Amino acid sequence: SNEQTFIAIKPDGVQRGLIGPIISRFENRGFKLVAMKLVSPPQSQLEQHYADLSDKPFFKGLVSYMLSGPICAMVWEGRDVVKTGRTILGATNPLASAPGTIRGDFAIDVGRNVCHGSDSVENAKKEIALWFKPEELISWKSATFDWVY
């Protein structure tokens, strides 16, 4: 139940008024929010986040879009939260996503897919370290922890 993942609401999700609904999906599931901030990060940070894609033809445009508005950055904690978080977000391409997921409810275009979620435990650790100062993670205990686990 200590696993953590990085979930980010991308500029299109913020612009389209989806902060509340997206948070609610994770909150209602029983996962614990341990960090959150609204940020407009520097270009260098976005280039590091997508470092594995730096040689793709779409990299410059992806970085430009991720700079084009605010981002709601979050760390969520709970059992299997990386993989289950990806399941809640739905398929990366919304055309392949299931209604009932975030992208299956709210998105159409893979290049405007509303949100990001870490794709692995190790990548989650790297992304958490990239987007948050260590002191921004909040230690607390949910009143319903023993009813969720």
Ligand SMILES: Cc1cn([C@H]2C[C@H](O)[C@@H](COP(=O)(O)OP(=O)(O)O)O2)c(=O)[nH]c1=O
Given for the second form:
There are 6 protein chains.
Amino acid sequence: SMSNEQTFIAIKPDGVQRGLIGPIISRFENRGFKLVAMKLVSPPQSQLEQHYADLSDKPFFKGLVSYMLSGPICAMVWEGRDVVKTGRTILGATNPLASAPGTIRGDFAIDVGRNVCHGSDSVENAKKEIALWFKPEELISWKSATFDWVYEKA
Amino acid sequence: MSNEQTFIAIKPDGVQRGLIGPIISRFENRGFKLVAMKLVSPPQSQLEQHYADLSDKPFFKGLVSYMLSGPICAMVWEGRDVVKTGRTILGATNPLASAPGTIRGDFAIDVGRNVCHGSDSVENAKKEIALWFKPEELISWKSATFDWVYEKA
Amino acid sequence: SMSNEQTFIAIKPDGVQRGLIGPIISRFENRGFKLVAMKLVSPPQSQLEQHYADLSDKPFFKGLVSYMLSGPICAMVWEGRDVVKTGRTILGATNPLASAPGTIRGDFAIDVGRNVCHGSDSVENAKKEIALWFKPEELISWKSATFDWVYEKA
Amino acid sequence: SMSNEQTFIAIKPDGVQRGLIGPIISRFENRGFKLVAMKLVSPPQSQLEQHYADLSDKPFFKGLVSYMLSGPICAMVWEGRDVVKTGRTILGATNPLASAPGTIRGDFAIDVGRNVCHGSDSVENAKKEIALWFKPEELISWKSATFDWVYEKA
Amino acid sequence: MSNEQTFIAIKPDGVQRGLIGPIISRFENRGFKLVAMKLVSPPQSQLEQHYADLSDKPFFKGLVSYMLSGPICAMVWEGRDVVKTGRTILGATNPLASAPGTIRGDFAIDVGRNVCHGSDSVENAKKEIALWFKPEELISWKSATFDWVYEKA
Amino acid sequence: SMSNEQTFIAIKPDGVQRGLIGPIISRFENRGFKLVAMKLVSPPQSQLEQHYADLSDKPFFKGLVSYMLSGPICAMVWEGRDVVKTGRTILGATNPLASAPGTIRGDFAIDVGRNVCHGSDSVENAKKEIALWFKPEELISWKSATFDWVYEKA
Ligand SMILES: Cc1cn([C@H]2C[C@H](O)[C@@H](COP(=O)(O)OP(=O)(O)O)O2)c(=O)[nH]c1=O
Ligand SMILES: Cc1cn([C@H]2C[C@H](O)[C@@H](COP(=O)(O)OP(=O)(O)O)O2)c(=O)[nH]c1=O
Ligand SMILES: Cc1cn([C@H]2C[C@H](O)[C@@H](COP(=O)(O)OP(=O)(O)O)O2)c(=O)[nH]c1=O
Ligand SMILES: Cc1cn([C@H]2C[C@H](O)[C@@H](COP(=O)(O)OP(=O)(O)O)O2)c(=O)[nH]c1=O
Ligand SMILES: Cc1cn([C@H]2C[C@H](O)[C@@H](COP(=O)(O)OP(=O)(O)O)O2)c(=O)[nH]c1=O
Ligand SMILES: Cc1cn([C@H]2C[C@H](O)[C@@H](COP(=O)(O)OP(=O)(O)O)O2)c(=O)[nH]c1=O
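Switch from the form solved without thymidine-5'-diphosphate, shown above, to the form solved in complex with thymidine-5'-diphosphate and output its structure.
The next block holds the full complex; its first chain is the one shown before.
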């Protein structure tokens, strides 16, 4: 669609602990996407259980929440055309065992419960997660100097 | 078969975004041999000759003025299946269908800003090479690791 | 020198515009320093003037504040032994003309008015800048998994 | 499928000659696998023929054995969950013509007879090759500091 | 000031060892603008004229023969203080005295195989640029991040 | 002064624990040096005390020996012109606080008790260390395909 689509990208505590904050950001930076919001946070359990509210009945829900609480999280919002779908492709398959080398999980991850990062799965869930993690004023409005070279259209 | 040549060009957006080094390293690391290269600003006639097979498609007009909007790094790479493997390295022509690990899969988004161009066949490469380079610009040399890259041919 | 010393590292708008957020973070990640606070901000001019209060009489002061307002800023707090001193060495000479390759400015910068990044030049100035740019709750407390492999003591 | 599965990865003489020791090792280090054994060796021809015993009748056998004798080999044992299959995916397709960029052969190789590396194709074959190339005391036993961050279970 | 130019050349050992990409990335990442580049095998007379200030040194004949042994990636980079900063990026001419982080400190050992060359002065840059490049081969363009690299002209 | 000079480079347990094996090997590969011997070993305490015998009554000797036993070591022998002196320069200053960014320790280490790597400080000390760590048949004899492009003379 348009060049101002947004998604929610989070670096899970294992990605922070293993020193992958820089490399993960570079994947989206080099691809041509724009970072409009970022912050390192340790959110409370209530916020994490709301982010994973659709999985509260899954058997792995309790362990996932405790692991998302075990360390700091680098929450981000990236902007660009098809940033939701292409962003998930940059992260690789949700299960690292099925991820392709060259993707983030294909280069860095093994277990699905330690798959380093999170990405919104749809445009609707991206807006939901952006409002859950960020105040509207935490999204900075700016235009990349190389916009006309990344994009042929708005 | 190892003397097969292809034409690889870095489009103005690739030059503008500072991608000359990483793109050349991608072919260097694969083991291909660079036999010709120049930073060029070709005339509009040569570009329309390059995209001659697409002169009636709707996107032809904007394609010419955008290839004219900046310098182009033209290259000729030599190696076994360098035409097919070269395009695989560049990734899918539309970056939305490209895979991470390829040039477009790591750097591009829009098809009109897909950073690079690669010949799609051996015969088209031979024509693009003749159009973009004069014969004296193809340098003849042998890589010191040629026998470690190739088992034969 | 204790391992809990903190410093303030900021990626200036030219650093964000030129796609240097990833590599700059990786320089401090690979060295062994701990990121305890980070956020993408567009701070008000009063905060920027107060940050450069020592330079309010300098001739380049108004152009400096204006350039620091021209885009997003990645503000960071890094923690480690001698991180203030070593962080400045990682950034390189404030004038990139005098910086050495291998540092951030020796690799990416040219002009002193566009030197991509900022670093506190003293422990006490770091405490002042961290309190100026960050709220106390924005500094996340956590323990690196390889702490005992980076540090022999303290 | 536990996290102590082991595989045999070897850097062939062409990979050694072309300076690919570091990059190949980084591919396995970054993914999260543990290196338990490594040594630069120029093994006798009988060991190489035993390694490729299932190919002793193939036409390219003597040319393959001579090529495996033409220089040093970096023999390695990597340990991790599903390291045999994922290791083969990291190396790429056996014939680099069919390999994907982002894998080892998709980034550095061209000819199948010069595919820079080898990896075990099954768990049982891995145990055969580990015993073939390594004496038992050459397997180093240790625990990564980030084990609980790479894996969610044993 | 910002339109200063220097001559950077990747010597045959840099091309043979697959260092074209990494060397270009060093100047690209720093913020300098590539205005001219070509892969060329220049004649011996051009190389003897390039090192004319060394025709009395004993290593002169060996220097010319080794510069003839392979392709050379001749470049022209433009930027503020690009001559001096370019020399600093290359490192000490003798790699044993170069610091890691520079090109020679990362890739070279012997001074007779020091991978690259850079102009030592602004006026020697103009002579080397005019010797290696016709005026047409220099491309005039403006980087989209010029106002983010430089604060003033 | 010749090109067959040899030195002993060892990646200490912290370098192995922090995933720096590949990057460190790449530093010497890129420079043009030749790896003639390498093995991952867990050496006995006597060999380590025999290795650091010239520090037998320094205050840090017992802790240094314990730290060298706390994990696997990647022991290497690199060969090239002035590899002993240039190797130490590549590693950086023994104390990472005094090392320059761009070197191994300037990029990766902080404490001298966790300085990641070790290099021989003289040609004579290198010969003693190489014989102390490696059996003579563990040194592989081979010539790089790019020798004449790295060296102008023998
Ligand atoms: C199956 C599983 C998923 N998860 C996580 C991964 C995912 O982020 C989320 C469930 O997503 P999932 O349905 O498994 O994959 P996808 O997002 O592609 O549809 O929960 C775990 O943490 N542990 C698990 O065991
Ligand atoms: C569709 C499209 C193609 N092109 C260019 C890209 C390609 O180099 C060329 C051919 O497009 P296309 O035939 O769709 O892909 P392929 O090269 O695999 O056959 O046309 C544009 O510049 N803009 C466009 O919108
Ligand atoms: C001289 C100068 C400084 N500055 C800014 C850059 C630096 O962020 C700030 C510090 O200047 P300076 O005191 O010279 O360096 P240091 O931080 O090591 O004490 O002044 C400019 O923006 N433009 C200038 O022309
Ligand atoms: C076909 C072929 C294989 N080989 C090598 C590659 C392989 O390492 C080995 C046998 O592997 P192979 O059976 O060909 O592929 P796969 O592992 O997918 O079953 O023989 C050659 O050296 N030359 C050849 O022509
Ligand atoms: C000393 C020496 C220099 N050269 C080359 C390096 C240089 O490119 C040129 C002489 O440079 P030199 O005077 O040694 O150093 P600088 O460039 O700093 O003035 O000749 C050799 O080829 N062999 C040599 O032995
Ligand atoms: C000073 C010091 C050294 N060491 C180790 C690091 C080095 O591997 C070894 C030599 O130290 P040192 O002799 O002080 O440095 P140099 O190599 O320049 O002579 O001793 C420690 O482990 N702890 C220390 O406090």
